[PDB]
Amino acid sequence: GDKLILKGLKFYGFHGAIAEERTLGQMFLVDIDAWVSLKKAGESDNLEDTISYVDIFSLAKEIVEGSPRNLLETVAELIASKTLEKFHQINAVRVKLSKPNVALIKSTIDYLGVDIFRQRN
Amino acid sequence: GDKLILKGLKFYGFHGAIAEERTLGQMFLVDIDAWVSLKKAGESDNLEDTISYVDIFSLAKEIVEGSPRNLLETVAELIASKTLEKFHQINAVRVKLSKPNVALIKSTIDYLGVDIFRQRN
Amino acid sequence: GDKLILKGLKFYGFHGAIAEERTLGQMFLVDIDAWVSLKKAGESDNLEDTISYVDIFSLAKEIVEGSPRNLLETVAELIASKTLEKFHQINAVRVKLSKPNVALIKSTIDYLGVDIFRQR
Amino acid sequence: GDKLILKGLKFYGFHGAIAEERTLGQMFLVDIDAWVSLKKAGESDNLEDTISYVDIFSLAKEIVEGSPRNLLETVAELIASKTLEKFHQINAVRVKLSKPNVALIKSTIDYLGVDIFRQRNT
Amino acid sequence: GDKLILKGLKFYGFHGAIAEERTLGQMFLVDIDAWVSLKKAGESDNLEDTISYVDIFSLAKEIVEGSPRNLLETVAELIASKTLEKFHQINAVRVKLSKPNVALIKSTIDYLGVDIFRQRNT
Amino acid sequence: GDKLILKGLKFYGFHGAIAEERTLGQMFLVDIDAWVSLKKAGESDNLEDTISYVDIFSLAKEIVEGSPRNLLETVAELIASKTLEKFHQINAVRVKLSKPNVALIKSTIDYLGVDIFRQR
Amino acid sequence: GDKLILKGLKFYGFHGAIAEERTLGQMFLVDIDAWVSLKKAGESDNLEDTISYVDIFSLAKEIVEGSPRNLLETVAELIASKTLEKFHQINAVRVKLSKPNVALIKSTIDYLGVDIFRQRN
Amino acid sequence: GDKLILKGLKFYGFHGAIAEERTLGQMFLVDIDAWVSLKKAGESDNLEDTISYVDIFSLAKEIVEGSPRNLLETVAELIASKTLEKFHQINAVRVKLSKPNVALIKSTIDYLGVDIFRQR
Ligand SMILES: Nc1nc2[nH]cnc2c(=O)[nH]1
Ligand SMILES: Nc1nc2[nH]cnc2c(=O)[nH]1
Ligand SMILES: Nc1nc2[nH]cnc2c(=O)[nH]1
Ligand SMILES: Nc1nc2[nH]cnc2c(=O)[nH]1
Ligand SMILES: Nc1nc2[nH]cnc2c(=O)[nH]1
Ligand SMILES: Nc1nc2[nH]cnc2c(=O)[nH]1
Ligand SMILES: Nc1nc2[nH]cnc2c(=O)[nH]1
Ligand SMILES: Nc1nc2[nH]cnc2c(=O)[nH]1
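Protein chains in written order, with the entry's author numbering: chain G, 1 to 121; chain F, 1 to 121; chain E, 1 to 120; chain H, 1 to 122; chain C, 1 to 122; chain D, 1 to 120; chain B, 1 to 121; chain A, 1 to 120.
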């Protein structure tokens, strides 16, 4: 089906399992794929017929910059469940949350993270 | 099956919900996947046995740079419908229309956009 | 299941529908996913149990740099058929052939190309 | 299913069939996708309800930087096996191992490598 | 002489002549070079003997994201003058302020910007 | 002293020595450094006391996408002369014109081009 | 001016004033330019007529990954004085030490750092 | 003043002190800035009034892929020395020769190399 895409959202947060990460913070990367039929809106050109990717972006921002949690799993789940709950027309959502800079990892990487898929339950 | 790929097409355009957006304009990124059996052409080396990506390119350009619409959905929808309409050989099209620079977003992102798939009817 | 991956191969060739493209040539981008079981080789660690990706690399290179063809479809199709023919161990080949610099396109793009999948 | 992602891990190693490769060594790139349910940890926010991607990273680092083998196939296989062996919770694992720099090739490429998918079979 | 470096600072502001630019806003790219002797701080390992690049960062962030101006020149001028006014130890400052996304330009570019060098004249 | 910077300008043109290049064309990359005092404008905030970078952009754009020339030297010369001729306050101009995709070159490169400095 | 060039050296270390930085560590970027006449070596092809850039790299690596300091100024100063002290043929050194990931900065940057130049004596 | 620029040239060569480096080889990155007045050619649009950067590219390629040298300094010295000797119009040459992949270094860098300037 059709989908709204929010790619490479960069936000500063305070999530982490190491106590120090929760008071120092770091950058996070977020990809969000929201499944929704966009044909009605594509034929009417009326924003009310779709869901604004700005409201989905805003929701993601509030969560990532929110209260510090220990795991990316928790934050991604929050983003996913929050998105489905706030926007009833969304059928499913895929959230990829990552840390491009992992503390104590000495060598070079792109990022380490989680990748979850959630359908309307 | 097989597919013609048009990746990272950048076009300046005036689409947007905000009034000033339709005035100033901005850059839009387009990804197009045209589903069509390419075996015939690959075994004949005759351009007439396939769809020229140049023609798909120009059709997409004309749209994106055209009369301003409010939503990316409407623009991607036109590209899909018009592509299927003009090239009967194509069986289905996937269109990804995104804005690398979303007005008012103060944080870094790659892009925000829509992603639709349309089979021939 | 398993596969050998050749990503981002760059070769200068002379393919194209416009006559001048064929005499001037240009750069082409090649991606190849060769479907072949790799567990055997993964456990013996001997070369006889797999195919050299360097052999797959050379075959594509020779084709892309070979005789000029009008379409990318023809080149990709050649790579696919040639690969399956050259290595019986291969079960399927996915070939992506693109042009990062398309003549007469006056605006920025990643590339325009083809993407075929051919099973034995 | 949910999965843990380790993308673009860069490690120096000495694998290869050519003796000069085992002497000189080179950089290897690896992507790992660990299939594992993250719902429980997503609800508890307790690191114990999941598998630390740091642990997977360090197991992978140890393998690639370890005893030199002839083929990528073999190293990718060790990574998959040891991962499954060390982390019961993980249902499957996809490992992509590649060489950005293939010796003797005069032209530019991104990388040549392997892509395997493994689960605990009989 | 020595210098603190602030490279590729990205900020969202509303500078510009065009009316639509003032309301919509856009991203701005900023490089800052601050000429200042670092030998002392490099020997005492004391943050107070040098100028914290965070303070220089904050000053610039406040300018660029602050009150709207028609020209990058004006903004660049303000950053330079304010930096020199705030930290008497800096002897000179070079500011490079650019717009990576210039409205109404149909083709691609890296950016269009200004590059000024200002030395303490007071 | 101060200068207006136009970095990484991409324009499609038909310059070149090879007859095929003239027919097909290709992308060209342009960097322009214009030395001119920005203090006055920096204090007045009036676009009138400076040079619009869009004016420089347009001049170079009309040149590169224009009539085909043989050399990058010629095109770059046109840009520099035209810029100085149009804005006397410009003390000097530096023009970097390059070709990222050079015909017949098989290996990878960033680009080949010219880099001139012109004053009055 | 003839010189040896070490560009973009990435090393993990623990420098910084914040306690969390000292604990967690982070990536550091170093560029080193070593001015020395290379004409003799360029004509003799004798390593002895030049300075091995591997020894200068190795020296820098030990410093950045070594004993933690509060300031980048200090680390850079150490690399400079040590390089000049150990390799007498070096006429002057330029050290650019930077932090690509500055803690508690919510916006994007390339990096913040120091750039120092030190001549023999 | 003016100069011809050859940026980011990637050539495969076999230079190095370690024996294995000479048998295996590696990629080398070369930047070349050749100083030469381009004013005449810029006004005449005649290739003969300038030096073709394709020839400069060719020379450099020949040297980097030729007989192995122990040091980068030696290769860059030849590149400069040979360019000045083959093209009398060049007044000076700056050669940057680097190794993006240094054997046994496992920390990630951009490159290690040399940077020399040779005047007529
Ligand atoms: N899986 C997982 N592992 C971690 N190791 C350290 N932090 C995390 C996290 O958030 N998720
Ligand atoms: N989904 C969607 N959301 C928007 N929000 C603002 N503009 C758009 C648009 O074009 N599509
Ligand atoms: N599909 C396709 N279209 C082209 N248009 C010009 N050349 C080609 C080609 O090789 N394939
Ligand atoms: N498949 C495969 N082919 C190679 N050719 C050279 N080395 C290798 C390797 O490790 N795996
Ligand atoms: N030089 C300069 N030119 C412009 N043209 C439009 N806006 C500007 C600006 O801020 N500075
Ligand atoms: N110097 C120079 N050499 C070329 N060789 C082919 N075209 C050109 C050009 O425009 N300038
Ligand atoms: N100049 C400078 N400023 C800092 N601010 C916080 N840490 C540092 C440092 O190491 N150097
Ligand atoms: N300066 C320099 N140092 C090296 N160390 C190892 N090889 C080289 C070389 O070619 N030049």
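Hints were generated in silico from the structure; no laboratory data involved.
Mixed in with the good hints there might be a few duds.
[Claimed, not checked] Below, in silico cross-link-like pairs of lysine-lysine (DSS-like), each with a Cα-Cα straight-line distance of 25 Å or less: (1) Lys106(E) x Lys61(E); (2) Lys7(D) x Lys86(D); (3) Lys39(G) x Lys7(G); (4) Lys106(F) x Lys61(D); (5) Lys82(F) x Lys39(G); (6) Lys106(H) x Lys7(A); (7) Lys10(F) x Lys39(D); (8) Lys61(H) x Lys61(G); (9) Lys82(E) x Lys106(E); (10) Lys39(G) x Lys7(F); (11) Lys7(G) x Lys39(H); (12) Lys40(F) x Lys106(F); (13) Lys7(H) x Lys61(H); (14) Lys86(F) x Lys7(G); (15) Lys39(C) x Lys10(F); (16) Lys39(H) x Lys10(E); (17) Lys40(D) x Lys10(F); (18) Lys106(H) x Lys10(H); (19) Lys39(A) x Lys106(A); (20) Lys39(E) x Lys10(E); (21) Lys106(B) x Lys39(B).
Checked hints:
no.: 1; hint: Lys106(E) x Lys61(E); verdict: violated, 28 Å
no.: 2; hint: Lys7(D) x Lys86(D); verdict: holds, 20 Å
no.: 3; hint: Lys39(G) x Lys7(G); verdict: holds, 21 Å
no.: 4; hint: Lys106(F) x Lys61(D); verdict: violated, 31 Å
no.: 5; hint: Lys82(F) x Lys39(G); verdict: holds, 14 Å
no.: 6; hint: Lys106(H) x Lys7(A); verdict: holds, 18 Å
no.: 7; hint: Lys10(F) x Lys39(D); verdict: violated, 36 Å
no.: 8; hint: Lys61(H) x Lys61(G); verdict: violated, 33 Å
no.: 9; hint: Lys82(E) x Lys106(E); verdict: violated, 35 Å
no.: 10; hint: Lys39(G) x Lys7(F); verdict: holds, 23 Å
no.: 11; hint: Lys7(G) x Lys39(H); verdict: holds, 23 Å
no.: 12; hint: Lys40(F) x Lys106(F); verdict: violated, 50 Å
no.: 13; hint: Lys7(H) x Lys61(H); verdict: holds, 13 Å
no.: 14; hint: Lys86(F) x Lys7(G); verdict: violated, 31 Å
no.: 15; hint: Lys39(C) x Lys10(F); verdict: violated, 48 Å
no.: 16; hint: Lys39(H) x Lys10(E); verdict: violated, 43 Å
no.: 17; hint: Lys40(D) x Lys10(F); verdict: violated, 37 Å
no.: 18; hint: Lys106(H) x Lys10(H); verdict: holds, 23 Å
no.: 19; hint: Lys39(A) x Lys106(A); verdict: violated, 47 Å
no.: 20; hint: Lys39(E) x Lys10(E); verdict: violated, 29 Å
no.: 21; hint: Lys106(B) x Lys39(B); verdict: violated, 48 Å
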